[PDB]
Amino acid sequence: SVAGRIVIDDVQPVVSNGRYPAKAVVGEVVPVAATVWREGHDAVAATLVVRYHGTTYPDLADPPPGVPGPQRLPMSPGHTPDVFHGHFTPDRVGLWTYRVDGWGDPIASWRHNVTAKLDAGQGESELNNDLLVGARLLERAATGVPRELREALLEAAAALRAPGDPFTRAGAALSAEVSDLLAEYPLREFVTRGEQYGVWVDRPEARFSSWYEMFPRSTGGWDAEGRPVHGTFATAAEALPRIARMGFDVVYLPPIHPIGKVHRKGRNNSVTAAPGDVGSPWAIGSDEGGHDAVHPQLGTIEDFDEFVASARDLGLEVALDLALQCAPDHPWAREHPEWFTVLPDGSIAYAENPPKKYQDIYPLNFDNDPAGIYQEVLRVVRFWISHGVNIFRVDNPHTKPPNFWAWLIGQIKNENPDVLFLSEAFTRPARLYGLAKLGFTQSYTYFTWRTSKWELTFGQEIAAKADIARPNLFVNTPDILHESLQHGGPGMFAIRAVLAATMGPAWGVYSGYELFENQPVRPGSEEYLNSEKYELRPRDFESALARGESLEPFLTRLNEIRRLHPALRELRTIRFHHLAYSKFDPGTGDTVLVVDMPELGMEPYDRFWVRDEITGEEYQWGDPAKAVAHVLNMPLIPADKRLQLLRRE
C-alpha cells in the first residue's frame, strides 16, 4: 500500500502490515493479488518481482535489555474491478520477498483502438492521427529491445509509416511476431515502486507431513511374569519399522530426560506414587540430569545417537518434546533459584493453570532473569539440532512469552533455517493465530470439539489463514480423550481419521489410534484410562493386525493416497460443495474429491469419470462395514486454468 504515478493498494499477502513475512513451502504456487488504479480511461499494467535473499533470518520481535537483537513476473487481471493476480513458486528454501511494480501501458490501448474503430467501419481517413504515433510508439519500444533485433522494429514502424491499406498498414504490427517481442520486453511507463513484502519459504515437510506419537519407555513390553517393562532407546529402534511403513516421515517423542522423583504423579492421574512409578514425562528434572541429559532408563547420550540414525535410513524424522517444566529435584531448582515464581518465603509455586493442576512441576520466569534463562535454553536446543533434530515439538507456547519464541526462532533458523516448528496450542484465536505470525512453522488446532458439518465449515477458517499459520491435524494426543471417539465406535475412528488426512496436508497420530483405544478413566471424562504419560503401555500391533483388527493397513492406505495426490500438501485449494469436500492441485493439476463446478474446472452440464482409491470404482458423474469413505481422482484442470481459481480475490 503506497502512493505514486500508479497507486498500488491492498496487495495480498502481507502479515500484520509486514511485521512478519507470509509463510510458504518450496515449490508451492504462491499467489499475490493487488488492486491498483489511476486516472482518465487509458490502460494500466503491473509486475511481480521475486528474488532470493539467502538463509539469514530476520528477528521479528524486539528482544529484552541484556539479551541481543530478481525475476520480473506477470500479473493477469481477474474479473474483480482493478485487482490483479500473479503467482510465484519458490524453488529454494531461505529468505524470499515479493514487490509489486505498477506501470501504465499503451501498446494495448491503441491495439484495442484499432480493433474498435474498424469493426465500427472506418478507413485510413479518420485514424492516422492515431497511428503516426504508433510508429513513434514503436520508436522507443525500439529503444527497449536489442539492436540486432531492431531491424524487426523498423519494418512495421515503417509498415505503419509508408502509405498503405487500413488493413495492410496495421497487419504487420498485429502479428504474433510483433506480439511476441512486447510480451517479453514491454515498454514500462510511469513506474511506481511498490512496497517490498515478504514470504519465508520452508521445506515441504513443513506443510505436507505425516506425524506420529509414540512412547519409547512404553516400548518395554512384558516380562516373564507379565508386567509392563520399561522401554529404552534400543527397545525403540526396533519399534519404527512398523511405523515407518504406515507413512510417517516425522516421529515426535514425549520428553526423554530423567523424571524427578518427588511430588511425582502416580498411576491413573495420581499425585500419590507407588513403588516403581514412572510418572509424568513432561515434568522434567531428576537429580541425575536435565534438559539436555537423558533418562538413565532409556540409555545414554550416545546410545541416543544410534537411535536417530535408525530414522535416518528408514525415512523418518524425530520430533522431540521440548518442555519447559521442572520437577523439584531439577538441576536448576537449586542451581538457578532466579528463574522462578518465588513465594516470599523462598519457595516456588506449583505450576497451575485452571482448572487442570500440576503439583509435580514448577513454572519458569523470564521477567525474573531473562538474560540468564534464554541462553541456556538455546544451549539446550543447539545441543539437539546437532544430534540430528530438524523438528522441535513445542509444549505450552501460550504460557511462554512469544518474544522469547521469536528471539530463539531467529537464532536457530539463523544457523540452521532447516529445523521446522509445530505450535501445539489450543487457545483464543487472537492469541492462537498470533504465534505462527511470529514464526511457528506449524500449529495444533481445536479440531477436537468441532464435530458438526457446520463447524467443519474449521475448513473455512483454516484455508483463509494458509498465508501464515500452518495447523497439524493430530487425530489424537495424550491429554484429551474426545468423546466422539468414545461413542462413534470403531467406525468413528475411520471418519475422524479421514478429515485429518484429507483436510490436513500435515497431520498427526498418537500410537494406539490403530488399536481402537477408547476407554477413559471414568464415565464422561476425556482422560485416557491409565494414561501412558503416567504409565508404560506396551501394546501388540501384530495381533490386531493378524487378528485383522488394525487400522494399520488402512492408515498406510491413507498415507499412500496422500503421497499419491499432490493436492493434499496444499491448503488453499480446498473447496466445499453440496462432509463432502474437494481439493485441486496447482502444478500437476490434480484434483481430488472426498466423499460447485467452477472449482472443478468443468462446465455445469458435463459427464465425467471419477476413479476410486479407497475402493477402485471408476464412474461417470455430472456402507461403513465396507468403505465408510470414498475419495476420488477428479478430472484435472489445465495449467492456464489451475491458476485462475487460484486467484486470491
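In this text, rigid core is short for the largest set of C-alphas that superpose within 1.5 Å between two forms. Positions refer to the first chain, counted from 1. Compared with the form deposited in another entry:
- Compared between the two forms on the core, the listed residues 306, 180, 376, 91 keep their C-alpha shifts below 2 Å, save 180.
- Superposed on the core, the two forms differ at residue 165: its CA moves 2 Å or more between the two forms.
- The Cα position of residue 491 differs by less than 2 Å between the two forms after fitting on the rigid core.
- Fitting the two forms on the rigid core leaves the C-alpha of residue 412 displaced by under 2 angstroms between the two forms.
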The other form holds:
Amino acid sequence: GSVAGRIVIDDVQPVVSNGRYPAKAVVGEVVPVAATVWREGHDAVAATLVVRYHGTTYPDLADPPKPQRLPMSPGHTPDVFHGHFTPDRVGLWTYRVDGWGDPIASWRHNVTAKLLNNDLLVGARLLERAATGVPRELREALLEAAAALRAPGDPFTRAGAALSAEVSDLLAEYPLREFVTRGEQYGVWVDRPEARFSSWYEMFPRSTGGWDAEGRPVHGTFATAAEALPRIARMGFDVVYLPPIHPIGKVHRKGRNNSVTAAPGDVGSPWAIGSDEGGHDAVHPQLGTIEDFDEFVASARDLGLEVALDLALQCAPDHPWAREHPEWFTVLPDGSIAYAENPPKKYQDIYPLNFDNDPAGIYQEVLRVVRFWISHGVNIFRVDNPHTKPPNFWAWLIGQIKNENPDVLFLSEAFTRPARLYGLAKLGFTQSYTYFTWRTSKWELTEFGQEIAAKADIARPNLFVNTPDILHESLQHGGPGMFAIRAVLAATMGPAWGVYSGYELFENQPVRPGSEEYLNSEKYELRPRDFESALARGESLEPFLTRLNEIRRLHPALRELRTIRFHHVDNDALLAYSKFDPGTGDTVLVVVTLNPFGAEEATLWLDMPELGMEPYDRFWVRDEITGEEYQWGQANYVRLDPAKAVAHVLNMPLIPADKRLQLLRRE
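Requested next: the structure of the form deposited in another entry (the form deposited in one PDB entry having been shown above).
Chain only, nothing else included.
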C-alpha cells in the first residue's frame, strides 16, 4: 500500500501486517521489492528504490505490561516496478519506493510513433534541462543532441542523436525526474547468515559418558561431551543443540519411558529444571562446573561449531524460584499449584510459570538468565513451546537481548496452529519449527515447500528430521531408505535443518504401537551410542549426512527459500523441485522417491523458463550423490532405486544474471 500524490505508489512488498513488523533477511541475501507505480495518460513513469542502513537498533514489537538510490525495472505485469538490494551488514535496513514522471522517455515514444518540428524543439528544451542535472564531463552528449534537433532539415537526421542508445544510457544514470513522490518507508531486520543457513545436531551431554566394563551407562560430563564434538563437525553441522544443562528436580522426578515415579539412580528429564543445587543459571553437578561449560564452548568454537542452549521457562517443584517467588505461579484455592500441561501431553514433573501476577519481577529474572548464558558464549537459544507464554513477553525479551547483542538468535519450538506459529515468527523468532515431520505424501510435501517459499519474508524454517519427542510413523515403517529420504527432503527444502542424535543409527522403535515417542527415550535415561562401530560396520547414515552438508556448502541455491519451484513428474511416489541462487546463478534440481522399498520410474517434465532455458534446449547435469552425468532436455526419464540412491541432487546450468533477477520477481 502506499501514497497518492502527483504519482501514485500502491501495493508495496515486502510489507508485513501493513508495516506493523519488519520483514526478515540475512547478510548477502538478495531482497526483491515490488511496487505498483502509475500516473495519468500515456506518459512515461519510473521509480527509484531508496535503501538505507539504520544500525543495530532493534525495535520493541509488542506493548509491554548514506542511502543507496537503486533503479527499478518495469515488469511484464503492467504498472508493476521491481527492484532489489543486498544488505551487507547485520541490523535494521529500510527501503522506500519513489515514483516520478520520466518526460524524456515520453518524448522518445511520441517521436518514434510520429516517425514534427514542434515535437523536435520540445525534445531540445528537455535535453537542455536534463543536462543541468548531469556532471560537466558528461553534458556534451545531451547538448549536441539538442543542437541537432534545433538545426533545420529532415526529422530523421535531427532526432538521430536524441534517439540514440548513448543518450538513453546517460539518462538511465542521470534522469530528468518530474513530480517526485516519496513512498512510505518499510523495515527489514537483517541477521547474520546462520539465521537462515545452518545445520543443527541435537545431543544430550549426559549421554556422552560411554559405558563401564559391565555395559552399564556412565553419566557424561562437559569434558566427555567436548570429545563427542569432532565427529559432529566432521559431518558438516555448525550448530550443536543441547537439551537443558541445569540441575534436575528431585521432587516428582520422572522415571524411564515417561514413568510418573523415578527409581533410585533414575536421571529424570533435563526439562524439569532446578533443585537445591541451583536453577536456570546453574550447571548440573554431574556435568561439571560453569568453568567446565566454558571449556566445552571453547572446544566447540575451535571446531567451527556454535552452541545452542534450550530455554525452558518452567520449574521443577524443588527449583529455588518455587520457594523464593510463589507469586510467579498460579496457586489454586486449596494452596496447591497444578502441574504443567500441553493437551494431550502431561508434565507431572514441572510447574508452569505465571507472567501476569508480577510481570516486572519475572521479566527481569528471565532477562538475567539469558544475559548470563550469553556472557558464557551462547548466541543461540532453542525456546520451548513459546505459544504457552504471553506473546508480548517474547517481543520484550527478544528486543532487550538484540539491542545488547544483535547476533543472538532464537528458534521457536511452537508446534501450534498457523496464526500462532507465524505470529511468533512475526514477533521476532529468528527460526521456527514446522509441520515437516507430518508431511509425507507428494501433495503434502508440495504444499509444504510452496508454503515455506510464500512465507519467506515472515519466517525461516528449521527442518528437523526427528526430535527427542518425534519419531514419525514413516521412519518407524520405512527402514534405512526412509531415513535417507527424509534427510534429502530436510537438507534441500530447508536452508536450516536438523538431526537428533541416533537418527544416523536408524533408531526406529516407538514406546508402543501408534506412538511418536522413542522406546527407552533419552529424555528419561542415559543413551550412550557407539557411532564409530556402526560406521566401521557400514550400518550408519553418518557418511550420507556428511555428503548432504557438503552439497549444501557447495550450492548457494540451497540457502534459498523463495526460489523453490516444483516440476511435473508423472508418478505419485516421485517428487521434483529446483532452487536457484539470485546472487551467483547456482541452480539445483532434486528428484526424490517417497517409496523406500521398490524402484520408481517416470518422465520428468521440466518448467524450462524457471531454469532460465528454452523448451528445446539440451543441457548437461551432474548428480552430486553418485557423480553420474546426464544430458537432459524438457522431458527426461527418471528412475530411482532406494537400494542404490533415494534421490538425484543435480548441479544444473547456471542461470544468467538478467534471467535470475527476473525469476526472483514477486508478481
